[PDB]
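**Student:** Chain residues, written in single-letter form:
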Amino acid sequence: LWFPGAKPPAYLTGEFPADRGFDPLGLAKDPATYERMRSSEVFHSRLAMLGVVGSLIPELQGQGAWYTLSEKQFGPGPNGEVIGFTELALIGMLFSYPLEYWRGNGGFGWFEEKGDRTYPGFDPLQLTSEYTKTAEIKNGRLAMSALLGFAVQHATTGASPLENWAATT
Amino acid sequence: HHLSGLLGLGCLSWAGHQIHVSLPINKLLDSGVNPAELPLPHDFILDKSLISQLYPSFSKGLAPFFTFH
Amino acid sequence: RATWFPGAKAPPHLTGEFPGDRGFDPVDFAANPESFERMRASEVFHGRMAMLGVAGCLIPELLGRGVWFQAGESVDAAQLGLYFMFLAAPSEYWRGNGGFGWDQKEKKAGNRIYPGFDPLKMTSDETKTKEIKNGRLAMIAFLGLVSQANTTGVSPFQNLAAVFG
Ligand SMILES: CC1=C(C#C/C(C)=C/C=C/C(C)=C/C=C/C=C(C)/C=C/C=C(C)/C=C/[C@@]23O[C@]2(C)C[C@@H](O)CC3(C)C)C(C)(C)C[C@H](O)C1
Ligand SMILES: CC1=C(C#C/C(C)=C/C=C/C(C)=C/C=C/C=C(C)/C=C\C=C(C)/C=C/[C@@]23O[C@]2(C)C[C@@H](O)CC3(C)C)C(C)(C)C[C@H](O)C1
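Chains L, F and D, in that order, give the protein sequences. Last residue of the first sequence? That's 172 in the working numbering, and every number before it is there in order. Last residue of the second sequence? That's 206 in the working numbering, and every number before it is there in order. Last residue of the third sequence? That's 180 in the working numbering, and every number before it is there in order.
Next comes chain L alone, as it looks inside the complex:
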């Protein structure tokens, strides 16, 4: 459980993965809202795990920081197009319309789709298990914490998170 001297709140019964008995404000009260919650958790989780690495790795290679993505000119294109963060966001929203709709829909049709929407079918090595179902959520909770860490560390100090880690090592 999250806390040794804590008890599991009813609905949380250790059935679904990464259930470390934790819901103080009672937000997963109805078992159907816990469905949304679960899908949102694994979505936020996957995005964070992609965010941390996608914020550090360009920083390390020498491009910039988690911040300073604005005022960057993304460019040399095939016709010598140079565009700004706004145009890049617009691109990102245009190419995210159908992917997100299809993940929110369960499939492609105007009617009922049987399509999971939390753990879809993509495992060509058959590594899906309770261990891995747990490990994805756990790493992603960490990574969410880490991204909140990035934000507030840059908020208080004004330094890049590799420099703040070099001010502790």
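Check the hints yourself; a few may be wrong.
The list that follows gives simulated cross-link-like pairs (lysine-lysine, DSS-like), each with its CA atoms no further than 27 Å apart [stated by the list, open to error]: (1) D:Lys120 <-> D:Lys148; (2) L:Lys117 <-> L:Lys136; (3) D:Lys24 <-> D:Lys145; (4) F:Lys197 <-> F:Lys185; (5) D:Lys136 <-> D:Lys148; (6) L:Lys10 <-> L:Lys136; (7) L:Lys10 <-> L:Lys117; (8) L:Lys32 <-> D:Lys122; (9) D:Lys148 <-> L:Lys117; (10) D:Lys122 <-> D:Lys143; (11) D:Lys24 <-> D:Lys148; (12) L:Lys32 <-> D:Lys123; (13) D:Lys143 <-> D:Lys24; (14) L:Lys117 <-> D:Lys143; (15) F:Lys164 <-> F:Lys185; (16) L:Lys136 <-> L:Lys32; (17) D:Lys136 <-> L:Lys117; (18) D:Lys120 <-> L:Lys32.
Partial selection, computed: residues in chain F whose CB lies under 10 Å from chain D [unchecked claim]: (19) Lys185; (20) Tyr192; (21) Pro193; (22) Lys197; (23) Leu199; (24) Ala200.
Don't read these hints as lab results, they were simulated from the structure. Cβ coordinates follow ideal geometry from the N, Cα and C atoms, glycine included.
Chain L is already provided as a structure; the job is to place chains F and D with the ligands on it using the hints.
**Tutor:** Showing chains F and D with the ligands alone in chain L's frame:
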């Protein structure tokens, strides 16, 4: 379907590619234009001035087609 | 019944039941009645958007703002586009889902074609037909706008002037 679709539309589509991509690029290349400094094929579609220099009829656009001229 | 071509018979799946039905579905896109629902949704939406598109293109030019294809040279389109996508993305997700809810029974709840805004209460089948017939005419005119733009390179109203002189 096989006559009108596969062969018919297939010929229309390929005439479309020829008119819009193969004819400019070959016309420029046959006048010794060094392929590195050739325009890319969409450039003939986006900028009608490029294709107008080569074939001026494009400046009249699709109006002749619809008035049977 | 009256049809889109003089002596043409209607397809059997088009029985006049729904508004706009003038017996035109040669490639049988709507033999399955679930696909006919989706297509009806799509036709009304494409329909509405083209009304706003055509009115967005003509009416400013009348009230001295400029030509519709020169619009992005007086605004910062990249910005606006991003805001437009930010207003759409919830709003179109709700329209698709049927309402706010991760459950699939949400799609059965509510109407995704005629959601029920009407405050002056004039929804009939003669008015549902009017939406669709204005819509189809706006779709056809939008294709005319783009085409004329490409061919003539000038204003749409200046293309109407050339008709009479
Ligand atoms: C569980 C529970 C509770 C709780 C809780 C908790 C702790 C919730 C926490 C929520 C949290 C922390 C959710 C964050 C997600 C982050 C996301 C989506 C990442 C996206 C971001 C991405 C994809 C990153 C993108 C970039 O890196 C890229 C690619 C390049 C960089 O240049 C720029 C940036 C950085 C933009 C209560 C409330 C305490 C009580 C209740 O009862 C039970
Ligand atoms: C029905 C049927 C068939 C069919 C068919 C046919 C004829 C289909 C035709 C469809 C057609 C012709 C559909 C047009 C839509 C146009 C839209 C959405 C317009 C604008 C949309 C917008 C929002 C405009 C935006 C702007 O303008 C604004 C507001 C201001 C400007 O400054 C900038 C821009 C331009 C961005 C078959 C296939 C033959 C057989 C089958 O069996 C049955």
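**Student:** Next step is simple, just say for each hint if it's right about the structure.
**Tutor:** Outcome of the hint check:
Restraint check: the Cα-Cα separation between D:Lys120 and D:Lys148 comes to about 32 Å, which exceeds 27 Å; the hinted pair is violated. For the hint pairing L:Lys117 with L:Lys136, the CA-to-CA distance comes to about 20 Å; that is within 27 Å, so the pair holds. Of the pairs offered as hints, the one joining D:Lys24 and D:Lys145 holds, with about 23 Å between alpha carbons and a cut-off of 27 Å not exceeded. As the CA atoms of F:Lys197 and F:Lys185 are separated by approximately 11 Å, the hinted pair is consistent with the 27 Å bound.
About 20 Å separates the Cα atoms of D:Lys136 and D:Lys148, which keeps this hinted pair within 27 Å; it holds. Straight-line distance between C-alpha atoms of L:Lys10 and L:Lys136 comes to about 23 Å, which keeps the hinted pair within the 27 Å bound. Our distance criterion of 27 Å between C-alpha atoms is broken by L:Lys10 and L:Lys117, whose separation comes to about 35 Å. Of the pairs offered as hints, the one joining L:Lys32 and D:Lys122 holds, with about 23 Å between alpha carbons and a cut-off of 27 Å not exceeded.
Taking the CA atoms of D:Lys148 and L:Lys117, the gap is near 36 Å; set against the 27 Å cutoff, the hint is violated. Restraint check for D:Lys122 and D:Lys143: the C-alpha separation of about 22 Å stays at or below 27 Å, so the hint holds. Straight-line distance between C-alpha atoms of D:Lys24 and D:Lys148 comes to about 21 Å, which keeps the hinted pair within the 27 Å bound. Distance restraint check for L:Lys32 and D:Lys123: the Cα-Cα separation of roughly 24 Å lies within the 27 Å cut-off, and the hinted pair is therefore satisfied.
Restraint check for D:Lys143 and D:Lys24: the C-alpha separation of about 24 Å stays at or below 27 Å, so the hint holds. A hinted pair counts as satisfied when its Cα atoms are at most 27 Å apart, and L:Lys117 with D:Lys143 does not qualify at roughly 33 Å. This hinted pair checks out: F:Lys164 and F:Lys185 have alpha carbons roughly 16 Å apart, not beyond 27 Å. For the hint pairing L:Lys136 with L:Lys32, the CA-to-CA distance comes to about 22 Å; that is within 27 Å, so the pair holds.
Annotation: proposed proximity of D:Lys136 to L:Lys117 is violated, straight-line Cα distance about 38 Å (limit 27 Å). Between D:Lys120 and L:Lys32 the CA atoms are separated by roughly 20 Å; this keeps the pair inside 27 Å, and the hint holds. Residue-level restraint check for F:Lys185 holds (minimum Cβ-Cβ distance to chain D is 8 Å; threshold 10 Å). The restraint placing F:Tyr192 at the interface with chain D is violated, with a minimum CB-CB distance near 15 Å, outside the 10 Å limit.
About 15 Å separates the beta-carbon of F:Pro193 from the nearest beta-carbon of chain D, more than 10 Å, and the hint is not met. Interface hint status for F:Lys197: upheld, as the beta-carbon distance to the closest one in chain D is roughly 8 Å, under 10 Å. The beta carbon of F:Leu199 is positioned within 10 Å of a beta carbon in chain D (closest approach about 5 Å), and the interface hint is therefore held. Evaluation of the F:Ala200 hint against chain D yields a held restraint, the C-beta minimum of about 5 Å falling below 10 Å.
In this structure, the hints that do not hold are numbers 1, 7, 9, 14, 17, 20, 21, in rising order.
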